[PDB]
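Take a look at this single chain, the form deposited without this ligand, given in structure tokens.
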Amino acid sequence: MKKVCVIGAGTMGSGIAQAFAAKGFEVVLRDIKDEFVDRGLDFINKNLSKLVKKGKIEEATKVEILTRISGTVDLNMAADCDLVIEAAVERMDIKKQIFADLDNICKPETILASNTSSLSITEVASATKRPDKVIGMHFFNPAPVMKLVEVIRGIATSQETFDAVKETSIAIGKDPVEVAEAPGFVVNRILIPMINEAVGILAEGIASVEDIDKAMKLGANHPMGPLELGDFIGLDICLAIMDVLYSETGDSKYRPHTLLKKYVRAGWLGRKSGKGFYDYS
């Protein structure tokens, strides 16, 4: 694998383009309108800057990397790629189209991956005629820095495909784990319900938000407490993941707490809005 197309130039996709080019990959980068593309690369630049300034790298490089990334709106710039990675909108009917297109645009050895965290990789792969070569590559925010990628295997994902994607994840200095498609994969499945439990304790007046976080930081030696972490991830993001667990499994076990619903409804989503379980004023 030498050339990579990353689709969707948002926070995640542009982070993913960085991570790859910062390791010698020829990176294509598509979105839907030149505006979006630019918001994207403009996003990557700001980031390298912070590193050059921190003296974690040398301007000389930033320039170099930024020349490996080639923005675009022509979907067809992917035909050439060895690996495509979609980090578009968490909406199924669209992923299916992007994927059915790419299945046609791209040569046969291309592997089509998705960064989705809550849609079925298996179902997306059914839109193509190469489901053996469809897979999940779940990055973590922020992508250039974070080591983990959950590589999500659809039920039809071949071993060849898994192996190549795993290899590539190592070439770019990441640390992949192997996951069979299931709701929430490994990390969200375990982490988010723990946040949901914390809000359940708070809601019952068992303890306060600060004592809950402290108990977790000190009791289980966690870096951040659950509620805090909730605000940091975003409570809407947390809510939507619980929703997905509940809806996929059909198990009350994963019902999101009623209080969480209320915070989200109020627009109190945490840090990104100045207010969640804590105040950011």
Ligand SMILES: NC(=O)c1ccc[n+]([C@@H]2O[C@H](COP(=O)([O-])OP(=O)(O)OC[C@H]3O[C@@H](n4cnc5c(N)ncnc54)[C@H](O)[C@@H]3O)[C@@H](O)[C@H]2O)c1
Second form
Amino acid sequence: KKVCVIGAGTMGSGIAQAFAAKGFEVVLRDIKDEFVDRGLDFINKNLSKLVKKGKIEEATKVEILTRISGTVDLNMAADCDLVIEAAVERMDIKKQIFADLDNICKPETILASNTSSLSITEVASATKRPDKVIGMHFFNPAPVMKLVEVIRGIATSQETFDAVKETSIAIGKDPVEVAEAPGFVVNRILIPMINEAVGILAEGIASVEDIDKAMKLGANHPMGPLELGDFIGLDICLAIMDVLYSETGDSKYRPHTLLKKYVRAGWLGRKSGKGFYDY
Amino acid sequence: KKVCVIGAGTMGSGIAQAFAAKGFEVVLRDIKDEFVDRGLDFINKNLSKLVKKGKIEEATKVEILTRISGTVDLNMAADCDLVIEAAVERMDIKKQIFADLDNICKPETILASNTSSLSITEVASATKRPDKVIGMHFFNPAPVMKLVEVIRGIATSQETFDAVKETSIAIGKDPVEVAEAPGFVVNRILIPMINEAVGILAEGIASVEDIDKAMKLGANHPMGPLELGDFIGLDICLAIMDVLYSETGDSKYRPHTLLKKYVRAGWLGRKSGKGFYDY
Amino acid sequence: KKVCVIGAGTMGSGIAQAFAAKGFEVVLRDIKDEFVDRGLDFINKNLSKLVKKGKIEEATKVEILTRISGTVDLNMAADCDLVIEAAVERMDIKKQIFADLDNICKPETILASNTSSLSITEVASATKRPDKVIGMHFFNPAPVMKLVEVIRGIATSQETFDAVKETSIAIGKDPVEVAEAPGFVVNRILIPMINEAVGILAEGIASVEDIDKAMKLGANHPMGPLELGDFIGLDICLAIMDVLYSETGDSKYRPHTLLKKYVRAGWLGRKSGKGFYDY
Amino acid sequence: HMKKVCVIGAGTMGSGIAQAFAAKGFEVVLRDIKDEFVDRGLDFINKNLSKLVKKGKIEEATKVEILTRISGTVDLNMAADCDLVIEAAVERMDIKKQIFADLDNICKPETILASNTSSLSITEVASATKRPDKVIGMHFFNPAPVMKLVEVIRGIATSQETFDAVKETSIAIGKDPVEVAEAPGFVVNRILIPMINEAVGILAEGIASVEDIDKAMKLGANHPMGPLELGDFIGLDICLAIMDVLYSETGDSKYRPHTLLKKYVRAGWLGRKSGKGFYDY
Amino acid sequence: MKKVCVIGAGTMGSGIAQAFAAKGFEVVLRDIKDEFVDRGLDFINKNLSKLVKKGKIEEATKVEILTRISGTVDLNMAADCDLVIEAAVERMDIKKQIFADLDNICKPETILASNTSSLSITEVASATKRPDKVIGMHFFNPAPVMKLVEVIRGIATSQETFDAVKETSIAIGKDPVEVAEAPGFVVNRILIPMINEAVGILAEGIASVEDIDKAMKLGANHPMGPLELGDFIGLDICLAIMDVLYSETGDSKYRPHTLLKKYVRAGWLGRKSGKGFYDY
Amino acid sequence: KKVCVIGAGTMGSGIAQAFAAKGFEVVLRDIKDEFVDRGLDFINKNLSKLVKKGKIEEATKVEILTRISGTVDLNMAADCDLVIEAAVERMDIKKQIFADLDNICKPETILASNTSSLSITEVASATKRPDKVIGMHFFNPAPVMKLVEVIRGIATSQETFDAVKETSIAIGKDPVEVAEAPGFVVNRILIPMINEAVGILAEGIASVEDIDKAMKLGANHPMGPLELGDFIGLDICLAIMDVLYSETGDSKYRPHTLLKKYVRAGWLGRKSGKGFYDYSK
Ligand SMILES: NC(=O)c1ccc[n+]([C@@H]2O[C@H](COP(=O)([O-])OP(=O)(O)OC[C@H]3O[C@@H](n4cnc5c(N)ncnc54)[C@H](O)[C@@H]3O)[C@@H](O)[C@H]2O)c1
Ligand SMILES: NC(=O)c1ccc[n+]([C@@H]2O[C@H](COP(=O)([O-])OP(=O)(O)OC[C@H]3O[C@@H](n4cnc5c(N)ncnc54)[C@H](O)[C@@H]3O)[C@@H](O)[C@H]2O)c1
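What does the same protein look like in the form deposited with this ligand bound, given that the last one was the form deposited without this ligand?
The complete assembly is shown below, putting the previous chain first.
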């Protein structure tokens, strides 16, 4: 029924749009009016694009925007049935936010995090409602991508998973159940695949462009892995490999040294104008 | 030019079709008439499907079939410009055949292997022609799939590479350059991905179908890794990991114990009615 | 209920004895009279020792020996409800035995292996009743030791597992359910512990006596790890590590070089008069 | 010849160690930084002695004699004339060094300086003193009054004389010492905790249940506890920390802690002490 | 290149300064205070005096060389220099600061090089707006005599920046090699793991310290055995390099041996402490 | 003292020479007359160089050859005091030879192997005189190279070791004591250095020439690792890395895939005219 999204950045704003799009009332919290407005402006822009394409009615864009209430006040979360944290990827911030909501929110509230790399279970333990703590891992762009990885911490109750599953379906998404482990499903498979491509390039086995063509034509992938690395962001790819190696303690997942070098140069991919390809 | 394909199974016959179809004279060789004739039957069937599909006229079918001469006699390769060895077999006898071809063939002839598990360099060393020995890795089905991984043995000359590259383009393919290494590009990246999926299943992190769903929706792939494993054949997948682990000596590429158990059960995927899914 | 034990060595004989002791009619099959009679005579001696010590009455011993019929003829397994193979572990042979038994025996017959190191699943694939093949792993001495690790191949049915579980209880054993994996439970944990001790010794960290004393007093174990290795047999300990490393592909389970050296010396422990200690 | 010992850190382990010495005719000092800690340690010793009285293991008067040999304090200088000092305090290296450096200045030269640490380098601690030849590990097992094993840990500069002296003292207080050249996990932890970590791996992959793993080990290897219940008994946080040290020190992924063990610890499911680990309590 | 600034008046810095002045180049030698600069200049004066005394150069040659070296504390004196060499061993945070400051101060042509092998040149270069002009130039002690320079290219280092540094290296009598930035470059990447391996052999009682060293000297014709070499380099240094190799690669192949850790922890660092694998 | 060398190949002939130059009586055995004469020629030819460069007198050359008798009869080993096997690097054959020698030779005979790669302990176990079996690892060229790695099997006696140490000194060598382990000392350290260089090359970090120059100038080595590889032979280098990986079970010692590719090409180094460098052209 009523949802709070903590953080009005790229994912936060998209998650807010996704719920609001399906008739849910949405509180959207950030820490300065400027940041809130930036999120509302971004949603508004997305929704204009959709009206412009004839995909929705102008009245629908308005109905959706009116369902979203921006705020800088964390107490606005208190009567919400679901909170989705999409803040900065920093463990102490996660834990601080969840501990506080645990006190601010009514007992029934489910507390979810969109985190890619941090332990749901650890986050849960900072609260006295671990049974109600869960991961809800959306994919960019949140309004469009149907996949949600529903991450169960070891103490996440079946009741909590079931409600989030149903809520996920209710907003037009296709949820999958994942017991907490490093990289969940998608990143666990995909990022090492990008890291493997780096390895091939580093040893002069083939060129950036041949590696990518080989994967596109040979495995029927939409993008080649290096192109994909650039799209996701090489700093993100590296941080993910760092967590896989760190969490597993298995050198299997060691990020390649050439990857480290690209990142240290600021050659992060599309968003910096340069990565494995020049933009 | 004129080309010889050695091996009249589905890959060999397919490759011969791809050349004949582009105006090249082709000698298809296998070890007895009944293998040769089966392969020509297979090709005939393939070209028959393409008339019904509307893509070519029956006349063209006939013309394509006239360019292909079946034989048991390896001496018919003597004046060929390119010889493509496609018969899956042991290193000991592949070496013989390349050595045999080295004596038989005119000095211009390039000797190519379709292998993906054996060393191109090692095979080349059984000939006095190592600068003219090269890998040409086609993808199933050979007539339609555009990718060719052109595999350079350490002695393969730039001349030999450039000729095979241009020949590849002449038959409608999109060649990539690959220095010989374990798994080339496609397998080196793709198979460990399937192996990774096995690992996630094995630790009860997610079900078979949620793993595949997550990869299809999350990474926009047309098949999930486990479903893909069943399609390739889990025996084939295991054998590839075996090669990667054996060649690298890096336990990063260790095949998962669970994959070994599926294969020892004869649960090979589609071809046996059962793998990670049952059919 | 009627059981067949294949292999009149120490373990096979002990197994036959445990079954006979609990009311089961038992066929004991080996490849030659000499081995069969040696088996029966080992069981006689065990039972006579128990009489002498006053644990069983003479008439109990006589009844027990009556329930065991020695034979060299595998067709005597034909109507047994359970067959337990306890011959020496060579996959090619074990597969032959299991295939033969598959044709000889009635369809209800469950086929069990006492192997510690060969794949139950792979053995099962040699038969047309993979759902009736299973591991039953006994501990020396079988008449005395309570544990049975019941090893499910990936195709072993619930019904087959439930029947073996009940039978184990019926013979006064305490079965545990183990999905097939390298080392099952006990060896998977115990041998690497012995291997670890060897490493400590090899780096001069502590003496043989102090390593074993530390573990006895510190972990409340009845034998220290090196003693235990000597008791089990160092050749046996090394073969298990070899299997763990070979199946996992994880160098976590590499056997220590010092252990290899002891075994190559013939310094196997108690059975040779010398291992980590002198006997 | 040692007859006066100072124990530093009045927790479970330090108080157990003070009691083991007090019970065997040493003059014992027990130091902590706050009287509250000291008093609590005394209460803990009082309590274990009372349980022995009540079991009929010892007379009440014996208990009163034992308690009299122990003098609590917060003044570090009370260690000055001790023949032996056993530090059993916080496991943080920089503070441990400071303690040992101060003891080095405070103590007569004959005084042997020991640590009960399981995780930190004796060699490294010794290097903060001018008496590295007289620094040593004396690793006790909980409960210290009952368990006979002591792992006597030699730093690379520990002298034969220092070891001999600690060896014969251990034998004098009724303990059974073993000699261990410093390395990660000494003997017991180095072998035992990886057994526990291995059980977690078996569990994680659905190979067998918690109860079946433990039964298999108890019956199959003739152990009194299974690895998973033993982890719960030791404390899964303690188990994870040790694995962490083994992996960190060796740099060998052979000793990587299982990811599932990490998840139990992160949940606060530490075993008996939290009412939940691999089993419910 | 006419004018070079060397930052750091320690042994390494002063040595590099000397090598440049000896070959005709004008040099600015910079450090943090006058005492250090003067110490460095006295060190150089002494080296050159040794060369005069042994008959390698004439007194007037020594004087000429010394006059090409100007000493300072002020980093602004590097502004018109064509090459800057940051010699002092730094923390990453300070290094980045220094390079960022040089980037703002110097004329746009100036190439900014680092002698310091432990840190990523690519990472340092990202602290400036001239990453194309940031490079590694790794000398060997003593820098006036040792011919080898490992010229380390950051991933953004331009062909023009490398070519200039290669040419300058040859102009000062050195023998440069090209190295793409990677952990341990060439020399340390091969050499230090060899020492580490020796330690593993020692730890398992396979052979004694002396027999290990004898074996390598006589069997592989090495000038020093691995264990005495460890002592000469400094075992703390050796450990720190293995730490970097393991940390950067993430491969257990390069794990420092636990016995090496114990020697360092004891303060038994080798010659510099009077004791390592040998007693000095 | 009488010595028997099994194998008149490069190493055996060299070893035989080294013993006869120091006054020992030598029996040199191979399986055909042709191979014996080949060995004796090779020795004669080496000694002729030592004369024609004034290193020894013509009379010394003759004395030396006189102390050597070629044979095809293994029974000529029977009364020798030391047998050195330098035949063929196959475990079955070493076992076979040593089993037979154990029966043929008098009880006092010490049985030594020149093997680089095979277990001394295992070879010794095919005899009933394991206390008398040992490794004597010579370096090419055996007559010149001073180092000998004396390899103790786990059963090799102190007596046997000291005898072989004394004999090693007596023939003007500098022996070192090595407890059996993969690669002994020299190869265990040296070959992975070469393997490491290969990895630097494979990743485009530096060229062949620059790698070797870096090592020569930077480490004061006479040869760089890649040219050293070519000199030793890349097949030999790969076979050693294979043994290290095989015996240790540790990926630390995995041979680089690039090395494997060079060897498969027949680019083995100097012996084939091409390895990391071009020699023949
Ligand atoms: N970006 C992606 O593609 C992606 C994909 C999947 C998951 N995630 C996860 O989502 C999170 C990152 O989201 P993003 O990419 O939108 O980041 P972002 O930097 O775009 O937005 C973060 C926002 O959080 C706000 N914030 C910081 N502290 C806060 C607090 N205490 N309360 C409320 N708001 C606060 C910031 O002001 C900022 O607007 C991470 O946890 C990441 O793991 C991101
Ligand atoms: N060549 C080297 O530089 C080198 C270096 C280190 C160690 N080794 C060791 O030396 C041994 C041999 O090397 P090599 O270079 O002399 O080989 P080689 O092939 O030059 O000579 C081997 C000789 O052994 C003979 N032989 C085979 N079986 C025999 C038998 N039963 N009795 C007597 N002779 C027999 C052969 O006829 C041949 O003449 C190997 O064990 C090898 O590991 C050699």
